[PDB]
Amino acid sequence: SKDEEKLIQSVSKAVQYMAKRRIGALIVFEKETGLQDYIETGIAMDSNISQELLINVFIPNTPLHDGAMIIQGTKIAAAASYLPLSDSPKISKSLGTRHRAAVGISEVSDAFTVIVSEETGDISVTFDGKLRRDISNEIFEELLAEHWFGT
């Protein structure tokens, strides 16, 4: 749908902007597994999605930057949520807490999560327990549409 396409672009442009600036980001998209428990660890927003708000949330040294944004349908449910951290040895001891968090939530839920690395600006995603690293902008948009909306 047209409105779904608008939302994919909003998220994609935000993720691309943060990747360019090497702004760390962690955004979880709820699917079938209810994430209310993790949402309640963060700051409740129930906010509409925009490129501008997504970027604002993750600006370094701001109250909402640390932790995960969790999106439920067309709304931002919360920011600065605490995800569990994976103990997988596959996660290079080099990789930061955000990656461990993204894999962590993917181990205990069917959520689709995007991570922007603050070191490299690489875009990665997790789902079904596995980190998929350093994907292109075009592939991120394709996977996001698939997992978020099923389009």
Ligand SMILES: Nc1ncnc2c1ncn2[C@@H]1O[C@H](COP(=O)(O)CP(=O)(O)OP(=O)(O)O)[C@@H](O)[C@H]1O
The other form holds:
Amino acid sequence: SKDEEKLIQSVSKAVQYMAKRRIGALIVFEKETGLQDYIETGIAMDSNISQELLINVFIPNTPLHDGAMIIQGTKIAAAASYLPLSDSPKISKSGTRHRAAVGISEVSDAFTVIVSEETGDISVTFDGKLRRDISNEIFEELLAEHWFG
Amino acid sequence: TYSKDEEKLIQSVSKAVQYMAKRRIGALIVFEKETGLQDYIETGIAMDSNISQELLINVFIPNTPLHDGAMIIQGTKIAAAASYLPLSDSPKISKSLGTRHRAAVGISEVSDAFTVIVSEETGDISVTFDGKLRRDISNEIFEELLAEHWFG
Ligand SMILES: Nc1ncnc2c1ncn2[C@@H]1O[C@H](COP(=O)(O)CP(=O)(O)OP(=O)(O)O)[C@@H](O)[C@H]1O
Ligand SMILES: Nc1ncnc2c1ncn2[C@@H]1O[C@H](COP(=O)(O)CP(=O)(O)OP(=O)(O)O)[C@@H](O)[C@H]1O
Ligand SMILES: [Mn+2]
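Okay, that is the form deposited without this ligand; can I get the form solved in complex with this ligand now?
What follows is the entire complex, opening with the chain shown before.
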């Protein structure tokens, strides 16, 4: 819908911004698995969403950059939350934010996007499986589909 | 005298303003009284967020989109960031002063809002209300003024 696409653009434009600037980011989009347990380990925001706020949160050396940001519907549920970590061998040993995204994907049906601190690649995790280095067009397609759809 | 959650907030704000004072990070926070600032809210970015010391710090970090302009609070929620306020033209304002000070004042003039400013250059905490700017208040005085202007 017309309003849903503004949010996809807001999110998609923020991760592209952080991709080029090499800012690591970890954003969880809640489906039907309740993530209120993982929200409560972070800082509550209950915030509306905007490309500018998404970028501010993940600025390095800031309080909210540490941990995952959790989205519930149209609002920022929390920032700086910690997700559990998977120990599966398929994970390449070459980041923790990648560990956290797979972790939450094994324990929930959430859709998580990761931007790599070192490479700037856009990766996603859902259904316990990591999808690495996807293009922006592919990312918007998947985000639209898992987030609303 | 004040509710436990009400005191949660002050502290939150108070710890955020102190952190930014020592680091010389400029900040501008407007607390809405009864004059509606929705016109000034609409010039920023909407947030409608809850308050925490950590978010207040993130907003005003230099070189970020949300740092330039004012943060406007309505009750318990951050209404918007990067809002712009009118600039005072009073002759008494010192040429030495920053735009934001100029701004706070301005806002003071046309509304009954309570505005706090931390100067990038000195780290001094100043507050604004009723067209009057009171410079360099101490942290203890700031919590007193904020509590009474914010929650009456
Ligand atoms: N429980 C948890 N759940 C989710 N994310 C976490 C987490 N603990 C830490 N993080 C994220 O992990 C990031 C830091 O990871 P680090 O301790 O620097 C190992 P790293 O990610 O491999 O660094 P690198 O990516 O540069 O190699 C933090 O910035 C935080 O965002
Ligand atoms: N109308 C307004 N309302 C609120 N804040 C304002 C404002 N106009 C400017 N500011 C604040 O003023 C600060 C910049 O001070 P200025 O006097 O404008 C030097 P500047 O060139 O604008 O700094 P810049 O280097 O960020 O451009 C900005 O952080 C912004 O926060
Ligand atoms: Mn200037």
